[PDB]
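J.: Now for the letters of each chain:
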Amino acid sequence: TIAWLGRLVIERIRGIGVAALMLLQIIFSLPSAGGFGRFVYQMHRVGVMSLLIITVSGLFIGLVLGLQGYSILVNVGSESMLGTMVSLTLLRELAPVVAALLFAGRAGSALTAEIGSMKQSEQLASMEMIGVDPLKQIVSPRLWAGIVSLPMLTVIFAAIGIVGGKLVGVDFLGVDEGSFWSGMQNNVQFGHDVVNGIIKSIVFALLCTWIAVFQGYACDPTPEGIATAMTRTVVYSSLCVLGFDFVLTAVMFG
Amino acid sequence: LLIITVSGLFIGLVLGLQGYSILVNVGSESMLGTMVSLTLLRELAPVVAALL
Amino acid sequence: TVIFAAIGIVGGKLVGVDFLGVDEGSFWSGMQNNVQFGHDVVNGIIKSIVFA
Amino acid sequence: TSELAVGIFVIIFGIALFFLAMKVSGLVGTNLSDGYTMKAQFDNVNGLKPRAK
Amino acid sequence: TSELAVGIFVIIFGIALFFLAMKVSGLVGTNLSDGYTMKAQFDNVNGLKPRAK
Amino acid sequence: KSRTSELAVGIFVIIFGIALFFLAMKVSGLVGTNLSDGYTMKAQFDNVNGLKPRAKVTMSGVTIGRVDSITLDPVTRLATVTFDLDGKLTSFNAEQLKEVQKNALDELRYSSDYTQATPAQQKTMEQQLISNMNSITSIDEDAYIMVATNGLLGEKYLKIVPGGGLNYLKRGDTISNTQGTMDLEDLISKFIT
Amino acid sequence: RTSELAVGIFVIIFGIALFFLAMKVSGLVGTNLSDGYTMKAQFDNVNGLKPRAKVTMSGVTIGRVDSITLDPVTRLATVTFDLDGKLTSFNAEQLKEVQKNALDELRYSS
Amino acid sequence: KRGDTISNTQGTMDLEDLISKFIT
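Protein chains in written order, with the authors' numbering: chain A, 3 to 256; chain B, 53 to 104; chain C, 156 to 207; chain D, 5 to 57; chain E, 5 to 57; chain F, 2 to 194; chain G, 4 to 113; chain H, 171 to 194.
The set of hints was computed from the structure by calculation and includes no laboratory data.
Treat each hint with caution, since some may be false.
Pair ranges (Cβ atoms, derived) [unchecked claim]:
1) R172/H x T72/F: 46 to 54 angstroms
2) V49/E x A102/B: 39 to 47 angstroms
3) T57/B x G181/H: 52 to 60 angstroms
4) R55/G x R9/A: 53 to 61 angstroms
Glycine is no exception: its CB is placed at the ideal position from the N, C-alpha and C atoms.
Next up, chain A with everything else stripped away, as it sits in the complex:
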């Protein structure tokens, strides 16, 4: 009856312990430099194949911020405020979260599904007998592609969001280019409004990809488990991004 929940919680938490151990091995020892020349290939499916989604969302978010900012800011200071609010919002809160979640979706479920199949088909297992450690051959380049790709995407998301904001806020709705640009320069500091967006992005890139690899590399070889793993990678990295985003922003701007 009740003990059921008890057992569920106990096992899920044991699994986090396992994930921590896996992460340690993959990051801790990677001497096979000759085979890491392929991670550039792996990046194709994490980074290159995801620009379309990040770019389109960045444009819609920029345009939305432009319109909502404007309808509020006409009562307070659009001439000075569209610039400052569009750029701070995108650099501090949205590029690191919206790109992080779209990424967790598009790259995250695809990646976990792929590791999942590698395990389910027994293909991965056959490598143990050939002496090729699957963590160094299969997992390593996938985790690294995730680390590099999300941060570069995060920057693009914001770059597009700025275009979106200006396109409506300045060009269709009647605001000065001068004060838009100077306002942004007056209030946006590289140190640390641009820099903190990047730091949060690295944290999310590691946490989110780490989960996707871990769940794909599941214990139970049952077909039902692939769909379960895919749903869970989206849910867990999604909450983790929001949880960590809160703490990091609390420090960075508090």
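Given the coordinates of chain A, assemble chains B, C, D, E, F, G and H onto it according to the supplied hints.
T.: Frame of chain A; chains B, C, D, E, F, G and H shown alone:
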């Protein structure tokens, strides 16, 4: 319900802290009420909830 | 969607007013001034029907 | 189990009301009644508004 | 064993259900104070808000 | 695979406990920290219209502390405000203290009359006047407090105006000399109507 | 395949072209290489001052307020002041001109 | 030269004195 509830709490707290660190440079703290409400009712609840 | 916003507003107040020193009366007044149940809440719901 | 689904979903409804009533209070507007219209003439209403008090 | 599963069931489960209700009603509508009330006349309350100090 | 199971839980507990700590600790950067040596002081006032908890305290325009609480005494009609001052700025460096202790006594024994006291009395006075200074800050006997405005719009804060005294107040004591704000209808009643 | 890697390379290049836009938006602050000059100044009241407040001569921006502290036994504020020397140091020709003028007068009035 | 102390004092003035200058 569990997932959407936890997300809502973190978003609320984040908006609170970011709003505040901007408003202290206006000196106009009455805006927390006005902005927390408008942000969530017009743009974030309909989007964050839809995406989660 | 409604629950999400409701949690978000409460989370907002919890830090914005209760930890950070803002006079509470201006928070609730700021919400009433000028976002309304009969307009802005309604538009939030309409968008969620479309998204659903 | 169908009994649990039935005995549990009522919670989403109990929660829905709790928070919806809160929403009404947080953004309660003005409930007008027994209203009348009246008209008046003016020479200048510069910056007067469609929803003015 | 059930010894642990039962202890794990109670922790958080028995906190979280009450937690959601108490952490909201204490913020949006439930209170307690030794209040007193008084009435006053005025000639012209221009603009005084209903929640002013 | 029974043996691997245990280790896995131990790893969880440690990584999780660390994560909980990280959150509890890191948020202190903004909330729950006094950011000071923690000395407190009290003062009373006739009118504290527009102060907030967390308004700043200053000396010579340098941020020196915080206004922590405001309360009203119903039978004296005075407000009581409690301060939090930072000892790193308000205490004397011990080397500076040596100077303060000695110049304070030179005035007290020579401009004033301690040298006319029985030498035993002179030593007693010097010994406690000085050991008492292990309890003091730089604000002297005649220091004023008054409430202050910040900008031409903004929240009200508290100003300390030192200078002219010899002795010092002990941390935990009450500053006696205070002056209240002016309300707008009473600048008008005093200077216009 | 090169048909796949050519793009992996392309994206990083793209990823840089719009990096620059982020820098145009923040602008350039924290100058300049002749930064070293710092100054101290004494004041009786600094109520509204802040770290990062600007500094000017005739309205040209020439520096930043870095740190404000209290000296408890003089009861004075002391301000740590970054003077952006790039706009206040004389270059070699300019130095020769101020130097000559001042030296010509030094040996005429003394 | 270099990093000397500017040998001059001129502080701000609060609404306290802007008002005390006049009697009200």
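J.: If a hint holds in the structure, say so; if it doesn't, say that too.
T.: Hints and how they fare:
1. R172/H x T72/F: 46 to 54 angstroms: Given a distance of about 53 angstroms, which is inside 46 to 54 angstroms, the answer is holds.
2. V49/E x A102/B: 39 to 47 angstroms: With a Cβ separation near 45 angstroms, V49/E and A102/B satisfy 39 to 47 angstroms, so the hint holds.
3. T57/B x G181/H: 52 to 60 angstroms: At 54 angstroms between Cβs, range holds.
4. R55/G x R9/A: 53 to 61 angstroms: holds (56 angstroms)
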